[PDB]
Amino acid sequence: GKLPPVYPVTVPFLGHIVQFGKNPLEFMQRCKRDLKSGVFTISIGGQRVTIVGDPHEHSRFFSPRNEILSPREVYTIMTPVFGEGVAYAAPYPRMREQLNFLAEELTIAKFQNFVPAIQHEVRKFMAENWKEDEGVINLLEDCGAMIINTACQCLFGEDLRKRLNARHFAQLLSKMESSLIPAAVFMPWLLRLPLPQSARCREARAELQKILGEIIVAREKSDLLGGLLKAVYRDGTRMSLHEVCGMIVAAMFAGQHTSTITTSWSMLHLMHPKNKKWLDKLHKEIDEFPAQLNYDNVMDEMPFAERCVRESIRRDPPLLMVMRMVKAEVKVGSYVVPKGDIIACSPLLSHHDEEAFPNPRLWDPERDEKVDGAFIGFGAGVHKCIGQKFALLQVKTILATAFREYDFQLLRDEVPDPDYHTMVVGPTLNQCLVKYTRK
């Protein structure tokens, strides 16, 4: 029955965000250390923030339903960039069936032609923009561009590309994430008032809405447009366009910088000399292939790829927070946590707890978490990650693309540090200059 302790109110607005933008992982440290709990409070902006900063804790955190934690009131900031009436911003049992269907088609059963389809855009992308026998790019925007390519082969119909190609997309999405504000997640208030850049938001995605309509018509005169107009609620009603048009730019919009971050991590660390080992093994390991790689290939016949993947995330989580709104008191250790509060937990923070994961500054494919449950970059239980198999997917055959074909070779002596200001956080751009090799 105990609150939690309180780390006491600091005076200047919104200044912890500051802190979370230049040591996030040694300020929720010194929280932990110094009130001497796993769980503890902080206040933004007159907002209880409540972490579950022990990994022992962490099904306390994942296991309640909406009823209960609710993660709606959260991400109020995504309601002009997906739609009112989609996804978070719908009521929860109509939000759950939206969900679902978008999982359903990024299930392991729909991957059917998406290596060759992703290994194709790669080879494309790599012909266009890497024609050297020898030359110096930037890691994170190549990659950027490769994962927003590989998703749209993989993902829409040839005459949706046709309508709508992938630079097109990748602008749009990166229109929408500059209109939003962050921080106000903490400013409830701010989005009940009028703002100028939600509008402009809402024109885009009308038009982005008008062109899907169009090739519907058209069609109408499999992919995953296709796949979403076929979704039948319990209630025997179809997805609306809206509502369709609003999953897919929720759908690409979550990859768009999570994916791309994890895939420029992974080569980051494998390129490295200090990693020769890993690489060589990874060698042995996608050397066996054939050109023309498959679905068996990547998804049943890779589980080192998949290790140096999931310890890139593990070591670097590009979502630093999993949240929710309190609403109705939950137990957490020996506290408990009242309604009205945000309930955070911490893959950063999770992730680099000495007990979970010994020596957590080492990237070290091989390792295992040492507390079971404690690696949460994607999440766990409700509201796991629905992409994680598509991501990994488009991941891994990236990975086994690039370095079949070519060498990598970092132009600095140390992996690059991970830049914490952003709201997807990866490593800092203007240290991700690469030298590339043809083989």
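Numbering follows the first chain given and starts at 1. Rigid core (definition): largest C-alpha set, two forms, superposition within 1.5 Å. What changes on going to the form deposited in another entry:
Core-superposed comparison between these two forms: among 362, 103, 180, 136, the single residue whose C-alpha moves by 2 Å or more is 180. For residue 117, a C-alpha deviation below 2 angstroms is recorded between these two forms after rigid-core alignment. The Cα position of residue 387 differs by less than 2 Å between these two forms after fitting on the rigid core. Fitting the two forms on the rigid core leaves the C-alpha of residue 213 displaced by at least 2 angstroms between these two forms.
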Contents of the next structure:
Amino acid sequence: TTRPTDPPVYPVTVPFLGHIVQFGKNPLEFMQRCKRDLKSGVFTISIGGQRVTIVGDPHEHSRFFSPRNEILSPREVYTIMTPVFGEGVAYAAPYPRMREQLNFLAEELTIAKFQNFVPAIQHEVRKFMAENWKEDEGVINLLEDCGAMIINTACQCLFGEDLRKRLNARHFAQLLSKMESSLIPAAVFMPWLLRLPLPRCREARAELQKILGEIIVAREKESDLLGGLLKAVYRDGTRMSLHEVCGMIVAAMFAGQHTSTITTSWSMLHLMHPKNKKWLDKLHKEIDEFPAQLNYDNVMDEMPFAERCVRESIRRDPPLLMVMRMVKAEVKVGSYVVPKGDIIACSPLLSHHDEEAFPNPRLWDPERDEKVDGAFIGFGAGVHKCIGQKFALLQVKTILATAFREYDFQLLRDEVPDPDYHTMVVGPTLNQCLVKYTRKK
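Alright, leaving the form deposited in one PDB entry aside, put up the form deposited in another entry.
What comes next is one chain alone, with no partners or other molecules.
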């Protein structure tokens, strides 16, 4: 079964690997085991004879990230999420409707769009803090409260008043919530591997669609994200259907909700920890210079340290652990060739723990730089680099800047939380994010 060019191979049984996943075993240790015993950063896990090739050598990142869809294809490997977004909507939109739709989305999230996003995000953060952090001091779940701030501020930024009246952020976040109710690794991993349907979350879509479809008529009967998606064309002259606009609105809120929530929480948890006083003080040296009301230029271009804070949070504990493609034509990676039919993967989690690229990788050090160019991949790279990355950072950084200007925070355990590997998109353990707020003097 070997070819003169293939990477080293580690056989596993499906049960044995199934067991590792179901039981939420640290996936970093398993991949680091493999990287060492096979003495290669590029290596294959043969599951049921089912080849998964990992680009775990940060010097080889571009070999994963740069090829076109026709060579390394995202479609086949994410097709299981189709019920999430709908049948002809993203990874399920046939060629070339997938790239066309992602690009429409991308175009709704450029820096020309962000106009008054910042004041809008500050007002929502301050409404929240005013409604929820009312006392001189009080106890909260930081993970839960960041997620609220993330949905509220996202919807305020992206949605018009008709939308926010019919579908409030609370509602939105429930509907989103009961979808990744069926995207746990323990349940998805095996049908993802076999090529089996997603094992409830199509009921939540049909609720949204009906709701949006009403909103959508109300408007055509009578410049936000919805309105921009509604104006989108396509190469062939036709526009997106209701079903496609709903699906891309979902893909959007879905993509950014859990990832940004988690990044904000890790950032705040590191910063508040007594051993990171130096950084919190550094953070203040930067943000104490600014007025009550921030602008785009303030947050995007005059907070380099806040940004390092966010970036290193995603570096140490990236929320998307692993990014995949189907190899459609064999591809050169390092001194190996990765054959047609392989699943090829590149893992932020694995590369962000490479000792050369990120020495002492468990130390959250905001002043760190990658020691191998392009080793950091928390938002991916190349053809499929994240296109909400700028909105994400504008959002998280404004929240950090707004929350730390008014409050101090005590973490109510001794150590920063354990990541919890039981969810698809990975964050700190919920019960471990209990925190005391203290209103500034």
